[PDB]
Each structure stands twice: as structure tokens, then as C-alpha cells.
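On the provided structure of chain A, position chains A' and A'' with the ligands as indicated by the hints.
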Amino acid sequence: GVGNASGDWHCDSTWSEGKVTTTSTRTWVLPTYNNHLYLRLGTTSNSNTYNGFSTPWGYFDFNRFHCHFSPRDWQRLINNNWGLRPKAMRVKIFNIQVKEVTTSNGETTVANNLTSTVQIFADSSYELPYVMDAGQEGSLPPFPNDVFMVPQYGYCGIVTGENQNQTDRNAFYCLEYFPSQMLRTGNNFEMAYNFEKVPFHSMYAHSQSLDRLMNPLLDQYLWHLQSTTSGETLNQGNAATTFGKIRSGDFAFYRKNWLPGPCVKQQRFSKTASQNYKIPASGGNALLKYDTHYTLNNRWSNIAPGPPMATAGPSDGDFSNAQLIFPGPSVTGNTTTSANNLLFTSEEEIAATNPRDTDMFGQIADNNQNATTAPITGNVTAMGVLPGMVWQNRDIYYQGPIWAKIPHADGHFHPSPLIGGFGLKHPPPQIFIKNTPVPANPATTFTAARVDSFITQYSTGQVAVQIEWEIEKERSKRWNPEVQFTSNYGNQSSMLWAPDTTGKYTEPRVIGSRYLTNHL
Amino acid sequence: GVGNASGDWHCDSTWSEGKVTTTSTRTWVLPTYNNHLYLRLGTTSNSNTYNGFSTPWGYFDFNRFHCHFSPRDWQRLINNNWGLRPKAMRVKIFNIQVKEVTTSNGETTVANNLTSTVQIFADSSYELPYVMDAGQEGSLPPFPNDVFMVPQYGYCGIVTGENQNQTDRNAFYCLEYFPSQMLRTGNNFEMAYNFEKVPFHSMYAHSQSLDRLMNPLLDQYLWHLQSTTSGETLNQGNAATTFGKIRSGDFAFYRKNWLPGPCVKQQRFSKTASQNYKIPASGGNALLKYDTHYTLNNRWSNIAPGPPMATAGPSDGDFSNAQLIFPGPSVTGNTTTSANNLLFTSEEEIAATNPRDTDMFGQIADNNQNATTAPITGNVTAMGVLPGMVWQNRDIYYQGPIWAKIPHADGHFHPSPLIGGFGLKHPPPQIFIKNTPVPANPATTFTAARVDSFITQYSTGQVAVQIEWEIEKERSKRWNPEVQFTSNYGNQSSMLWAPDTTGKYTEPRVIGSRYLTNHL
Amino acid sequence: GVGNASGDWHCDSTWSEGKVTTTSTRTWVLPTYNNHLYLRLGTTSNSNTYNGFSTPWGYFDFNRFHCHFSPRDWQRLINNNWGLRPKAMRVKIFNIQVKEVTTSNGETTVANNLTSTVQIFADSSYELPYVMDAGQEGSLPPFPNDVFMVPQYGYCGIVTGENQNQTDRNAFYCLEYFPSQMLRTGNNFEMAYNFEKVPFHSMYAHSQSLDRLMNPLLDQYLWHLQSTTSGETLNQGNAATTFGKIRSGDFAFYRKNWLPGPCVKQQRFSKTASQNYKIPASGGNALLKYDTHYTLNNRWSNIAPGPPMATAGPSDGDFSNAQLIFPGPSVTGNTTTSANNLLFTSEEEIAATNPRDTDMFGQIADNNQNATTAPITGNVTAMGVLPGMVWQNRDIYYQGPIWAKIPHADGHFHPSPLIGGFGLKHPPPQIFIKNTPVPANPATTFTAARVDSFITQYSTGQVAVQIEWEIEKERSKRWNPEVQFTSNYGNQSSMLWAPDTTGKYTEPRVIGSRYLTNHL
Ligand SMILES: Nc1ncnc2c1ncn2[C@H]1C[C@H](O)[C@@H](COP(=O)(O)O)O1
Ligand SMILES: Nc1ncnc2c1ncn2[C@H]1C[C@H](O)[C@@H](COP(=O)(O)O)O1
Ligand SMILES: Nc1ncnc2c1ncn2[C@H]1C[C@H](O)[C@@H](COP(=O)(O)O)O1
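Protein chains in written order, with the authors' numbering: chain A, 214 to 733; chain A', 214 to 733; chain A'', 214 to 733. A prime marks a further copy of an entry chain.
Just so you know, the hints here were simulated from the structure itself, not pulled from any lab data.
From the three backbone atoms N, C-alpha and C, an ideal C-beta is built for every residue, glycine too.
Keep in mind that the hints are not guaranteed to be accurate.
As the list claims (entries may be wrong) - Per the computed footprint, the stretches of chain A lying under chain A', defined by three or more beta-carbons under 8 Å from a beta-carbon of chain A', are: (1) 231-243; (2) 309-320; (3) 391-402.
Claimed, not checked - Facing chain A'', a subset of chain A' residues (Cβ under 10 Å, in silico): (4) 214; (5) 217; (6) 220; (7) 221; (8) 252; (9) 254; (10) 317; (11) 326; (12) 381; (13) 394; (14) 400; (15) 404; (16) 652; (17) 653; (18) 663.
The shape of chain A in the complex, shown without the other chains:
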């Protein structure tokens, strides 16, 4: 009925010995996009050209972690458990209120239209292109008491060449072609979903460095050739070759059982403006050209933080493109001069297992040495996976995405979003929503032309998302106290992680999940 609420606002976290369940609700506003029509989209810009469509529909996105975890909760989670992975989810939209706007002259009036319908469907079948997954605004806001605007749905189409235009292959997906539920106030929508078994994300830092796992005290039983000649001078000395049983201490020489990492090199820049070479953002030598990129169908796509690699700590004066950058509290606009106002994610913790972003993978003999010809070593920058390699994935972040859909392709290797998160073949479905059109008074004599005059409307209501996370406690045997993340903030005039006098809420730092320790 019109008079009855169709759902209660509950946001909660319930913790278990084995599983924690998060639940949060938010209020949303839904405009009328593109005055009700699908629009072709395309621009051709050389290293950017793209093509696609913009839709009258909007969608709900809960892909950021902070959507379901209050800071404290995130804390609880990461200081206590080694791994976590999502198990099941369920969503419900309710208290739909459709508003109609009179828009008188000078003043715009708004009043409820009780008999109006907003339509929601979610598609399981994954027939619509998935977009919820990468790098984008629209997720519910972290702070509960913040109303948000449902994002408009638009999708990309395959672009052939450096020039944007469409081939027969390009396709059009029309949301109205799908069956969807129609609601009015007093109507509600609900759906459930079960995640697929997925590797627990590792929420620990290695307490051992891969290269040396051996017993410091003993020495291998293998021998290596130590020197072709005597002395410490490169090209002089007595001819004889000498072999020696690998002894305790010459660890760098120990034959090991594993190779540390897959790797792609990244350019490095210094946070101090002064240190960098001059590089423009446009023109023949715009930065893009010098930053590690992957050429695809004639178009440079700059590699996103790439195959997981070690990166300078957050405080460090140098930073690489490999690390993710978050706004930070103080920044006002879209652009800023000093990087002291930004937040940098860093994977120092990964260093124990795999190569550094700005440094190389290693160096290989790139030549066959000989008495008359000197040995030459080649610098290796790109290294595909090799038998016996072991690496760590990029960590997840409080404000980082949670899942991402694994491309529907013949081949994929070690799916783990590179931006961080769990790779799913069938990820939480995008739930679409749109305000049904309505018509302005219409002409008395019939005209075939499609109607174009519509009443102005917008809707609002609350959505509630609940996720059941499966986690695993630590159970370590380490004796010395671990590192844990605790605020440690100095005396503050207006406390952190809280709304302020203005009433504004902003997240102070970016937070990872690897504080606990574990050995290899």
C-alpha cells in the first residue's frame, strides 16, 4: 500500500568465529537520463578513441570495500585474520518514492505522483556488458548518512583501428529488451546471489625473504665455480679455474628451488618536482609515450598498475605508475601540483617474494664468454612466468574495489584483477533501474511520430546490501608482537575518520589489509 513502508533501514556487522556478515543501507536519487533515449557515442582522439552508447538506465554498484565495512570493522578484520573471501550476497530496494516536478516560473515545485513506476531488473545471465567492475565512481558512499546519485549506465563498443567508427561486429544492447520488474510506492525488489569458491585473499606479509629460506647454519652439498682466475682485478690473474663447495654465508650462491617473480618494468618519478626530466602531457612526447604501455590494435593503452610488483613505500620521495593514487582529504579540485596532498598505495610487503617496479627483474648472461672476448650481461625488463616462480598478488584496500569480472575469453592466466580484488567468472550481477516515462499532455489528433513530450520526474528510495564473508583466523606461532594498524593519530583539532564542524566526511589514509605476519 501507499501508506506502508516496504523495508526497514538496517545497517549492521555481525562477527562469527569463522564468518563476518556485513549489512548496510543507503538512500538514493535517480534522475531521468538522456531525456529517455539511448544515444550513440563516439569520439576519435588518437590514443584514446572510443565508441559506445549512453543509456537512460542507471545501476547500483557496491564494488568498493568501504561500502560494507566501517573503518573500525575493517580494522577488526585485518588485525586478526590471515585471509578473507566473500561467500554470498543479497540486495533489496525499497520505499520507492516517485516525484513529479511542476517547474513553475522562477520557482520549481515538486510533488509526489503516487501512481508512477520505476523498473528494476538485474541480470544474472550476464547478457549485458559488465561495467560495475573497473575503476569507477558510483559505488555507495562509505559514510552511511550520505545520499547518493545512481550512476547512469553506458557501455563501450569494440573499436577497430586508431580511428573510431563501427564495424558490423559492433553491437547494440537495448535494456528495454529485457523483462524487468515494475514498482510503485509500496512495491519492493529483492534478489540474492552466491559467490563462487575463490582463493582466500592473503591478508599477511611474508616474514621471510624468498631468496633465503635455507638454514643459515649449514651449507649446501653442491659446488659452484667461484673464479676463473686469481686476484680481484677483472682482466688479470692466473689462468686456473677454481671450484668450491658452497659454504654457509655465500647465500647469494646457494642453488635455490624457486624463482621470484613475473615482471614488467615501470618508469619512476620523483615526488620532488625538481628531480624529473621535463615531460609534457601533450604533443609528440607527451608523458604517455614514455610510461610503460601495451600496444593494442594500434592504440596505446597505458598499463594500469601492472603485474604485481614491489613499489616504494608511501612516504618515499619517489613513486611509480605501478602504485594506485587516491585523492586524500585536503585536495579541492580535479588537479593538484603537490603530491603531498595525495595518498599512495604501496606494496613494500610484496618485496619479499617478487621484483621491484622501478628496478629490473635481474640480469642474464647475454653472451658466451671466451678468453679473447669478455662476458656481457643483459638487463632484463620484462619477464613472463617461468616454472618455479612464486609471487604475491597486489593487496586489497579499504577503498579499493572488491571483485571484477573475468573476461569471457578462451584464455586467462591467474585471474586476479590487477587493480586488486577477487576475480569471478560470474560476479555479483549489475542491478539496473530506470524511471518509467510519462507523457505530457498530448495532441488531440493522432500523429505517428514517437512522443517526445514528457513530464519531469525523478525518484528516490533506499537500497540495502548484505554480504556474508568467510574469513580465517591467523593461528601463528610467532612469539614477538605483530604490527597492527591502529590509528596513532596525533592530537587533532577535529578528530580523524569522523565528520567535522563543516559536517564533511573524508577518509584520512588509504588502508591495506596486510599487517599480520606469516612465513613462507
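Relative to chain A, chains A' and A'' with the ligands alone:
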């Protein structure tokens, strides 16, 4: 209730090994026609005069194919099955929203009137004159997200003579005389119907030409007279008559078992303006007079695309009145100079079985030859059906009508709408709808005169139509790959068969159903 | 509920071998009469004075035939059956919509007031004075798609003398003193009733003339005196009286078994202005005085079409007050000069059984003849019923009333409304309706005076009436084809019995029910 939606918007196609089921929904607007009154109609113009009535009611029409098939679906259908025929249908109207308009000065305001009634009835009994069937706008729009205006219902009355006026025979049908359902928001209407067994429409092209079905290798065992005299000169030669056993190769002479087609000749025009003789559109020699027409009760009615016949291909520079013409994307107004902006349907495929539109049926001896008198052949233009004739019907088109009602008459022959489609004795019933009147404030003292002051209202809601089609797969034994319809469009700036940047949607080409092949 | 319709609009006729059932619906508007108060009424004009009251209530009246029969139906009925008589009825009012009017300056605004009540009761008990019965507007309109205004209820009180004033006897009936149902939107009202057995109305014309029913071939066996004297001259001749056996041919002399009619003479006027004597409408010799009237309690009441009698055919140049006059299509105002614009009912058919309106009943010997004194015949103008009389009742008319209530009196004779129709002791009850009052904002301090400030309101909804008629087929043995009523209208520019270009609907002719024939 007011608060609950009364139906969900589902548009879908579900495909089966034997039957495909289409389902689509749309939103509609219903004005108030003729300020609530039935109006007599008639004009007397000489080759057009007509008489009838216009009604306050409106009706739903789903007679165009594209109403139920998305382009892709239509594709799927035609590249795979030989025949198709509709089996059953069901419709439902819901989410009725009645609006009332304040119409203040300068600004017109619109607000919901919750307690208002719109009335729908559909008549099975076919007591009202059927009109849904021919050549007319009003069908639901092809693209789902397009709102449409319900068509106003008006019907024609029998006109006697070249002058319009009415005889006692003329009749008046008043929609209020039928019982109909009354709805308010929260009320819905639904109905079902079952098509009658009907010949599967042929969705194939003949891979054999009727005239020669015989075995190329052998020769008949019959003899024909080949020549009355010797030489190759028409009136000279040796007297003797010669007979010869019909041999392989003289196929044109083979006695056959069947005659190719029923036929009516059509004038032909050239797409190149220059080629045609000059012909006005008005006056004593307006085109109408020269285009093949059938005289009925003193009135020329120009024959619609006539008895199925072969027609020039679409690209051809010449076109006949026999072919159907569709607007085409680019055309702006009601009229255009160059036919390059139009779309032409063509029945080249039919050529294998029956005569060409612009050419004749054949030529008959129109005389008894004799040694002193030469033989004369008559050109045959009109040919009624003869025993042993076999012909193909006009193809259906993606945007062509689907069914048409078979006239209630003593005699009909080979009912197949000539415009294309399935001929039904009892076709899907016309569903009528109208907004119930309401009254402006009315005078305090009683007056017999019928009330004439009404509140201004219009309504809107969605209708959903579902049709269950019975189809039959091909099962051919042809070895070489068939022709199939695939887009083949060149690189396009704004892809075809899709909305564009303006947001406009228009169909690129007219599409038939005969791409698959089959032998006679 | 507010959102649900409370009844469907069905108008229908279903025909049976023995009984036809009519059903029709209409939409109505109900004002607020007399600003909510009963008002005394009286004027004293000499031959008109009257006294009574006007009520805030309104009533539904379905007393005209055309309310339930579409022309065609009426046709079907009368060309096929000899008699008809109503059997049962049932009514229902629904979709009540109460409107409230804002009445701003210059512009009057109207909006729904959902919580408002309109009250309906029908009284069986016949405690309220019946008025539905005679000669009055307010019946539902014939054409279905015509909205009508509910009539205001007012009743007459007994007037003593030529002067209007009231005696103790005069009574006041207050509708609020009766229990009535209260409705709001979503509420509906319904009631049923059963007619009482009543003589089938005769829908036939006599094919025999009363005066001669005897066998033309034979001659009575009685003798009458033919002549007192010889010759053909009135006062001369031979004395002897002569008697003669009544022979075949001297039919006027045959002693018969029955007397033809009850009768009252009527003045006759000629449709041609020229023929009449000059007579004013006012003053000492206003027409009224010369037109046959019945003096009651000192007041002339002009006799309504009187005791059934024969009347000139409709086309005839002379017409009498005995015939009923209907407006006719073309007439614009309340008054007209030429009677060619009117419609006249006529009872030529009755002539076979009873006397003519303008002519006399017969002539009686008004004296005792004697040899010295001549015989004198008296002209008889008024003739009460005599043993052995047989007469026909006035016919019913398509637009004539159906029933009328038989006065509650000690004595009534051969009840048959004189205006035509069925006489019932307990006729279909008057159904009363009124919009409940509502109050304008009222003063903060209490005042005993009855409230007088009310919000302005009016209501509307549909009423549906169903009547079950019992009819009896003809079953005649007449050989020659009967007369039947068929349109026979000439070619018309705008067909008859139908709405026109203006959209106006008007009935062309008045139609009776006696087309079929039957013998005495
Ligand atoms: N996040 C995520 N989603 C899906 N699949 C993943 C993910 N991370 C690793 N993998 C895959 C990569 C290999 O297919 C497999 C190896 O199992 P392992 O047990 O890791 O040796 O696990
Ligand atoms: N579209 C359509 N509707 C109704 N009747 C049709 C149609 N097409 C052909 N026919 C009729 C014409 C003949 O009555 C009959 C011959 O059956 P046949 O099997 O074709 O030899 O089929
Ligand atoms: N219309 C109507 N209503 C009520 N009573 C009527 C009517 N017409 C005639 N009568 C009465 C008059 C006598 O009381 C009775 C004679 O029955 P009969 O069978 O006619 O000889 O029928």
C-alpha cells in the same frame, strides 16, 4: 490498489526447436478524441469519394512484424527456417494512469486524478468493422523504448456511386452499445486468443525454374511439328511439314505438366526522372488513369501491389507499382524527388514460378493460320487462374503487416492478403480503449440539453503482447552454402540498426524472409 | 478502495425466443440544488395555480422507451411480435466521483475530494410522491455516449380553489427523514425489482373493422322496419310501414353484438395557418377555453390526449389536441411557427375499433317521432363506457413513456396511462440521490444558527439499468406480406438516426409499435 503496479514490463523472445515465442511491452498515451463525440464523415472527390464516421475511441494495433521481432531475432528466424505461421496470442494492458490537466493561463498544469476510469473491451464477435488490417500507422513502434500514441478509431461506410452520400444500407456502429470493462489505476485488462490453422508462410526461394524440371540428359517421347517449310525466311520455302521427336536441348518445346502464373500487367516507371513520359498527378490525365486500376461501382480504385508477380530487383533502375515502397532512413517529409531515398521491396525470388510485373503473361495464337493468311499472336496481359497453374505468394517483410481479415463474403479465392501476410477468417480482435468522460462544474439549475462541458484528461499505461509462433526448420540436402542475410554494412560512422547521437532510431533496409533455398 | 472501479460499463440487448433483455449504461452529473435547502413553492395564476416544494435531492428516471432500446432493437421488436410487457428490472450506480471546486478569481478550479459522500436510497414503500411518471424531461438520453444531468426532485401539493394557498391537508415530505445509503468513491449501490403481471401491450393493427365481422355472403335472420312511407322524399308518400328481412349488403343495418367506443370530442385545427378561426393564447378567450377541458375544483385542466380515439394520420393537414406532438430534428427553440417542423403521433390504426377524435361518437334519436312532429337526432359528443363496448388503447412510442403509477384511489377504471404505457399499482421506485453537504471553514466561537457556508461540490458517475421484457411472437395465418417499419429514407447527405458532422444526434421520426396485423 493505487500504490501497487498491476503488471511488469517484460519484452522477450524465447526460441524452441519447433516454436519461437515473442513478447514485447510498450508505453502508450491516449488523448480524448473529438471532444467525446462521434462525427459523421464524408467528402465527395471523384476517384476518392468516401463516407464514414470518426470515433471517440482508440485501438491497439500490433499488425506489423517488427512489433514482435528484434532485428537479430528476425534474422535468426529467416536464415534458419523454411516456414513460419502464428499459433496463439495474448495481450494485457496495465498501470493505467489517468491524468487531468489544469491548463492555467500561459502554463498548463497536469496532475493525477486518481478516481478516473478508462474503458476497454475487445470484440471477439467481430461485430465492429475491422480496420487494424490494412496499410496503416498505429502499430506499436519497433524500438522498445519509444512511447506511442494510441490511434483513433474511425470506420468507412459503403459508398454508392461516384458521389458520396448515404443510402439506407449505410450503417452506424456505436461503441458504447457494447459492454466494456472499466478500469482505474490498479485495474488491469487481459485477453487471450488462438490463431486458426493456417498455411505456413514460405520463407524460401525456389532453386529451380518451373519451366524446366526435366532431366537435362533425356528427351521426351513425344513429337512436335517443328516447321511448315524449309529455310529460315518467314514466307518462303518448300511446302512440306516436318515433325520431330522432342530431343534434349529443345527444352522450350518440352510439353510440361504445369502453367506458371495468374497475372495482371503493371505499368513500369524508371527511377531516372528523365526516362518517363510526362504525366501529371491531377487533371484529365493524372497518373491514376494510366496505372492499372480496377473499376468498382463507377470508381477507380488503383490496384495495390497486385496478384503476386515477379518484380525488378531493388537496385534496378526501373520499378513498378507492384512493389511496395517504404520511406527509408534519410527522408524528412511526406514527399521526395529522388527515389534513391526510398526502400523498394522486390519479388525477384518469385520469378522462378510466375510472370513478371511489367512484362506480359505470354502470347497466344489469336488466329487460325492459313496458306493465304499469316499467323497472328495476341499479347496476353490479364490471366485468370487456370488448371495446373502454380505460383508463389508475395513475401512477408520485417516491417510488413502480419495478418489481415478475410472479407465476409460468399466467395474468396486463395486468401492471402495481397500486401503480404496470413489471411484469417477470424483475426486477432481489435482491442478498443477510451477515456471515460468527466464533467466540468455544471449548472445549479437543471437543463435537459446533453452536457458539453468536460474536464480535460488523457491517460497512459503499458500494453504487453505475446505471440507464440510455430516454425519449421529447413532440413535441406543442398550441398553448397546458402545465401543468408547478414548485415555486410560498410564501416559506419554511427552504426546501423541502432539509435544514433541524436538518439533517433530508424530502420536501414526493408527485409524479407526468403534467403533460404529449396527446390520445386 | 479509491483505486478500484466499482462496476463495468455494459450496455446490451440479448434476444430470446420468448423474452428480450435490455441493458444500458450512462454517465451522469449531479449539481447541488437549492444550495442545500428545501424551498416552499407556489404561484397563484388562474387556470394554472399550483403549490408545492423543491428539493435538494435529485432522481434517476428511465421512463422513456428509447432509454433501453436502440432504434434497430425497437425495429426488431415491433416487426416481429404482437405483444410485449415488462417483467423485471435491476439498477446499479457506480464509480462515484465527488468533485470539489476551488473557484479562484477569474478561473474556477476543480479537484477531487476523495472523502466525500453522496447518498442514495430508493423507496419501495412509495411513501414519497411519485413524479417519475408523467410527461417530463430527465430520463436517460437515448444515445449512449451522451452525459446527462440528474433531474432535481420537486413535488406538487394539493391546491384548493382557484387560489393557491395551503390548507392543513397540504403535507410536507422531507427526504432526510428516510434512511439512505452513503457512498464514497469505491462504494456502489444496487437494487432490483419485479414488475407485476400486466396485460401485454398490443403491438398490432386490426385487420377487420368492428362494425362488420359478419359473413358478407349471408344475411341476418332478423327483420327491421325499412320505411314508414314510399318514395325518397322526406315528408311525402304513402302511409304504410314496411318491414324487410335484413339481407346481404344492408350491412349498416345488421344488428351487431358490440358497440365501438368510449369517447370524448376534441376540437380540430388545421396545420395550414390560414384555415383556423383566430384564437389568442391569452385573455378572456385564450385557446384554452375552447379546447376540450375538464373542470376540477374550479380549475380548468386541459384534457391530455384523451380517451383513446382515432386521430388524423400524421401527414394530414388537420391535427387534433388528442395526438401527441414531439419536437422533430430541425426545431431550434421552445417555440415554432410552422408545424412542418414537428412530429405528430397518430392513431389511425385504432379507427377500426373506436370513434374519431374530431368527429362525433354517433347520433341518437333525441325525440319521439310522430305523424305531426318530425324526428330529431341529437349529436353525441361525450360517451361513457357501455356494456358491449370494445376499444383499443393508445399505442406506445419509441420515445414515449413506458409506465405510470396508478393513483392511490378507491376507484380507477381500465388503468392505462392515457399518454401511453403500462399502468402499475407499484411501479419501478424512484431512486433518489444527493451530494452530502460539506462545510466551509467555520467560526471559532460557537453559534447556534444553522451553518450556511458550504464548500462547492458536484458529483458524477455511471448508472446502469437492466430490464427483462417478456414478449410474444406473432403466429398469424395471414397470407399476404405485412407492413413493417423499415427506414425507406431517401439518399441522405448525412445519414439518419446517426450522429452527424456537427456530432449532434437527433431522432428523425416518432415511431409506434403497431405495424403487424391481426384480425378481431
Ligand atoms: N582472485 C582470483 N580469482 C580467481 N582465480 C584466481 C584468483 N587468484 C588466483 N586465481 C587462480 C589462478 C590459477 O587459475 C589458480 C591457481 O591456484 P592456486 O591455489 O592459487 O595455486 O588460482
Ligand atoms: N495466407 C492464407 N490464409 C488463408 N488461406 C490461405 C492462405 N494462403 C493460401 N490459402 C488457401 C487458398 C486455398 O483456399 C487453400 C489451398 O491450400 P494449399 O495447401 O495452399 O494448396 O489455401
Ligand atoms: N396498462 C394496464 N395496466 C393495468 N391494468 C390495465 C391496463 N390495461 C388494461 N387494464 C385493466 C383494465 C381492467 O381492470 C382489466 C380488464 O382486463 P382485460 O383483460 O383487459 O379484459 O385490465
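Going through the hints against the structure:
For the region 231-243 of chain A, the proposed coverage by chain A' is not satisfied: 0 residues have a C-beta within less than 8 Å of a C-beta in that chain, short of the threshold of three. Chain A' is given as covering the region 309-320 of chain A, and this holds because 3 residues of the stretch bring a CB closer than 8 Å to a CB of that chain, at least three being needed. Check on the region 391-402 of chain A: 10 of its residues sit with their Cβ under 8 Å from a Cβ of chain A', so the three-residue criterion for coverage holds. Interface restraint check: residue 214 of chain A' against chain A'', minimum CB-CB distance 5 Å, threshold 10 Å, status holds.
Taken as an interface hint, residue 217 of chain A' checks out: its beta carbon lies about 8 Å from the nearest beta carbon of chain A'', inside 10 Å. For the restraint placing residue 220 of chain A' at the interface with chain A'', the shortest Cβ-Cβ distance is roughly 14 Å, beyond the 10 Å limit, so the hint is violated. Look at residue 221 of chain A': its Cβ only gets to about 18 Å from chain A'', farther than 10 Å, so that hint breaks. Because the smallest distance between the Cβ of residue 252 of chain A' and any Cβ of chain A'' comes to about 5 Å, under 10 Å, the interface hint for this residue holds.
A hinted interface residue such as residue 254 of chain A' counts as satisfied when its beta carbon comes closer than 10 Å to some beta carbon of chain A''; here the least separation is about 7 Å, so the hint holds. Taking 10 Å as the C-beta cut-off, the interface hint given for residue 317 of chain A' holds, the closest approach to chain A'' being about 7 Å. Proximity of residue 326 of chain A' to chain A'' holds as hinted, the smallest CB-CB distance being about 6 Å (cut-off 10 Å). Because the smallest distance between the Cβ of residue 381 of chain A' and any Cβ of chain A'' comes to about 5 Å, under 10 Å, the interface hint for this residue holds.
At about 5 Å, the closest approach between the beta carbon of residue 394 of chain A' and any beta carbon in chain A'' falls short of 10 Å, and the interface hint on this residue holds. Evaluation of the residue 400 of chain A' hint against chain A'' yields a held restraint, the C-beta minimum of about 6 Å falling below 10 Å. Proximity of residue 404 of chain A' to chain A'' is violated relative to the hint, the smallest CB-CB distance being about 14 Å (cut-off 10 Å). Checking residue 652 of chain A' against chain A'': minimum C-beta separation of about 4 Å stays under 10 Å; hint holds.
Here the hint on residue 653 of chain A' is kept, as its CB sits about 7 Å from the closest CB of chain A'', short of 10 Å. For the restraint placing residue 663 of chain A' at the interface with chain A'', the shortest Cβ-Cβ distance is roughly 4 Å, inside the 10 Å limit, so the hint holds.
Hint check: violations occur at hints 1, 6, 7, 15; the rest are consistent with the structure.
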